[PDB]
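Just one chain follows, in the form solved without this ligand, and it is written as structure tokens.
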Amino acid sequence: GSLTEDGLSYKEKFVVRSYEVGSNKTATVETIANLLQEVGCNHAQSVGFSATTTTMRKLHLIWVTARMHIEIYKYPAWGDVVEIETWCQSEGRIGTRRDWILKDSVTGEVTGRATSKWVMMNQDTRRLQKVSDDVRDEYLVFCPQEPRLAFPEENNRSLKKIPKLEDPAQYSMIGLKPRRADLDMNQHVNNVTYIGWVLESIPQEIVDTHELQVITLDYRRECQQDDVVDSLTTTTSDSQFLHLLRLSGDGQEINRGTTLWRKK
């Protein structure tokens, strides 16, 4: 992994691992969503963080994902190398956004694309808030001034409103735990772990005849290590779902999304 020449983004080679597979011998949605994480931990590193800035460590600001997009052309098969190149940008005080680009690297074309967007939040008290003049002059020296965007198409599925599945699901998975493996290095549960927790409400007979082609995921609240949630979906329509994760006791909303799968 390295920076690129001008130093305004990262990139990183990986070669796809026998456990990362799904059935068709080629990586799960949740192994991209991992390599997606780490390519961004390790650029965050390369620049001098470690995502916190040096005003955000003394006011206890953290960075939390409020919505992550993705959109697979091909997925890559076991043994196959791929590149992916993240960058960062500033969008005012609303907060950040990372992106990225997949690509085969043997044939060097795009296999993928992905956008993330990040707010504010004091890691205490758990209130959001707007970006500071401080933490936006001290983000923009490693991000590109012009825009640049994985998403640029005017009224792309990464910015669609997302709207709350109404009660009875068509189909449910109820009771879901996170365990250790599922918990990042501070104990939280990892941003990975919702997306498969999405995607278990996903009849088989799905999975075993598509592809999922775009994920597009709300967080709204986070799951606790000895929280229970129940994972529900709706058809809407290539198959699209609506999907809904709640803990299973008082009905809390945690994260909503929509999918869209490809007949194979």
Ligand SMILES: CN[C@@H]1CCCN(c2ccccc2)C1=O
The other form holds:
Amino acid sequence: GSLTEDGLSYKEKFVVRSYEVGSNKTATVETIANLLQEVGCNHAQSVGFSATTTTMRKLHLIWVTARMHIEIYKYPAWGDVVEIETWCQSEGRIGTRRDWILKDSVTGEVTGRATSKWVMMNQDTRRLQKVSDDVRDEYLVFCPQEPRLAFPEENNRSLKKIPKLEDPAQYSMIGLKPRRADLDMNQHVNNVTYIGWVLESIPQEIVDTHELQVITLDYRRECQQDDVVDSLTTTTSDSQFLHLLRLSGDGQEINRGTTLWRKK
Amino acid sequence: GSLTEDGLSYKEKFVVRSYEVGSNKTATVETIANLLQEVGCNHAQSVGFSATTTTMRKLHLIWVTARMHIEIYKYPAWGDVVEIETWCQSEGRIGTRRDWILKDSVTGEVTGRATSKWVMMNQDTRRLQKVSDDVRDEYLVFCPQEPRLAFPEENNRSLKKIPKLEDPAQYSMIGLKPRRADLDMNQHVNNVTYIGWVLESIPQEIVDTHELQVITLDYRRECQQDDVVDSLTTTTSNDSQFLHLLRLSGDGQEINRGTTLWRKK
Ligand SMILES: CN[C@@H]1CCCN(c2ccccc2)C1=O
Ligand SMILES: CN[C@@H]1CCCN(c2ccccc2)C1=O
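Since the one above is the form solved without this ligand, can you give the form deposited with this ligand bound too?
Below, the chain from earlier opens the complete complex, with every other chain and molecule after it.
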């Protein structure tokens, strides 16, 4: 991959692998989420980051995901080249927003797009902090100053408020534990595993006769390696679902979200 | 990737990704196992397979793994290019053997190597059958006739007999279920998931202070999407050895058995 001419965004092409596809021989939504994560990581590395920043390391501050929104029009087939352009932008003292555009490398058409909201927090105390001026000036030089939104639309499905699933749930997948393959290089369960866990409560029949068009996920709390998760789903309708990840014990909420599916 | 000049092997380079590395910032053994699987799938596609032949699809036959043996000297770091050369060979009427060599793309040194044994089976009845001559002649043209072994050694750890773990196990990981990300394009549990499940019973302290050097895994039965697995381990030893066992949580039906060897960092 590489930064674009202006150095205000990054592009990368990926060839879809055999183990990255589902029953329909097209990349899964977890494969796409992994590639978004990878292109965002490469973009940070290309401009001198290594989480990010030098003064942030001194204060033990990290960037965490608060919301992920992914909309797919066409899933790349096994063997296809998909090009992803990503960029970051400042949302004032609230935090940052990272956007993505997925394209077919042969036709150049947009086959999907994603958006994410990140908040600043203390690695140790887990306390959210409002973005400071000295930290803002460090990354602003790598962001476009004019707004560049993957989801520009007036009142789009990416900024909607997600409600809490009421008990009893219609569908459920209980006793979900992460294995070592679910952890990142810092031994934390990465954001993509939560997506897979959310979709575990979706009934197999829906998966077999529908394609996932949209997924909006809110991150409330991190799941420890020794925590057990319950995935809950309810049809709220194309098919719509309301989701909830919570700890198997106390029932402490770790995630909430919505998915939208279209008939094949 | 591409077939080599003679068309009797296939090569492919891979760049190691951020989500593919562990705490050491080097590729995990499941990432390597995924790349071996990928280069073997690309080799079959490059010579006209999908790795079933015309005679096989007609009789509802499939190739299944009976054993996987992986030996790593150096795990590629995040951002490194690793080159993998793979080839297949005939082991008479028993079945086929697929081999791999992993190299550093910068230095050209061998950083690892793998071997696998495959048996022929009816997809529906799950019954093994010996390779027939009409099926053998279909893939023999894509294999070297002279032996080409990644593990040539006289008394190599790849052909050793694996014993069954005796109860009680020293270590265990109970209640392991595969999720949809664990399934392949045909809704079957990926062979790589069994490797991850085997290593779940290895204690975290061993993982933190050791590097996995060898893993030999025997496949006895496939795990259904709605089956629950128990992973069992016992130390059998400078270097640490383990005996492993995957079995169904209910009846205790054996699905996998194996051994791992670790060395101090
Ligand atoms: C996780 N979000 C971070 C926060 C701010 C810095 N940053 C970034 C900006 C431009 C290029 C590379 C990286 C991000 O994406
Ligand atoms: C399990 N091994 C399979 C079946 C036998 C033939 N075969 C292959 C040989 C040469 C090129 C491409 C594929 C395989 O990989």
